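Novice: Each chain is listed here by its residues.
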Amino acid sequence: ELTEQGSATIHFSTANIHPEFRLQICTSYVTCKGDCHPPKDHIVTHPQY
Amino acid sequence: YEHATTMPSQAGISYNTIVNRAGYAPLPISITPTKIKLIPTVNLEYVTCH
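Listed in order, the protein sequences are those of chains G and A.
Start counting the first sequence at 345; every next residue gets the next number (the entry's author numbering).
Start counting the second sequence at 1; every next residue gets the next number (the entry's author numbering).
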């Protein structure tokens, strides 16, 4: 959902330690970057998305 | 998660530390020694009186 002005949160799954991608929205192409960290669980009960 | 620290043996003084995971909220830890007892293993030899 999109409003006139504000902030929107998007949940994403990445395998990159240093992710940098081009998030495409209605028309814009935002460049998103950051840093990720290893998770707690050594073993989980679902396949990797 | 395995954390290790070294708290000085001083009763009545708190020891505050923090556990920082790579991408998780910090975890505060506090240890407050109210009393530290050193009890030697004593065996009776004999008893003396007047």
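Don't take each hint at face value.
With a straight-line cut-off of 25 Å between C-alpha atoms, the simulated SDA-like cross-links for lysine to any residue are [claimed, not checked]:
no., chain 1, residue 1, chain 2, residue 2
1, G, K384, A, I18
2, G, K377, G, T389
3, G, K384, A, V47
4, G, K384, A, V42
5, G, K377, G, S357
These are computed hints drawn from the structure, not numbers from a lab.
Novice: Next pair to validate is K384 (chain G) with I18 (chain A); report whether the Cα-Cα distance is within 25 Å.
Specialist: The given pair, whose Cα atoms are some 17 Å apart, holds under the 25 Å limit.
Novice: When you check the alpha-carbon spacing of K384 (chain G) and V47 (chain A), does it fall within 25 Å?
Specialist: violated, 61 Å
Novice: CA of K377 (chain G) to CA of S357 (chain G), is that 25 Å or under?
Specialist: holds, 13 Å
Novice: Are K384 (chain G) and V42 (chain A) close enough, with their CA atoms no more than 25 Å apart?
Specialist: violated, 48 Å
Novice: Are the Cα positions of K377 (chain G) and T389 (chain G) separated by 25 Å at most?
Specialist: violated, 29 Å
When each numbered hint is compared with the structure, violations occur for hints 2, 3, 4.
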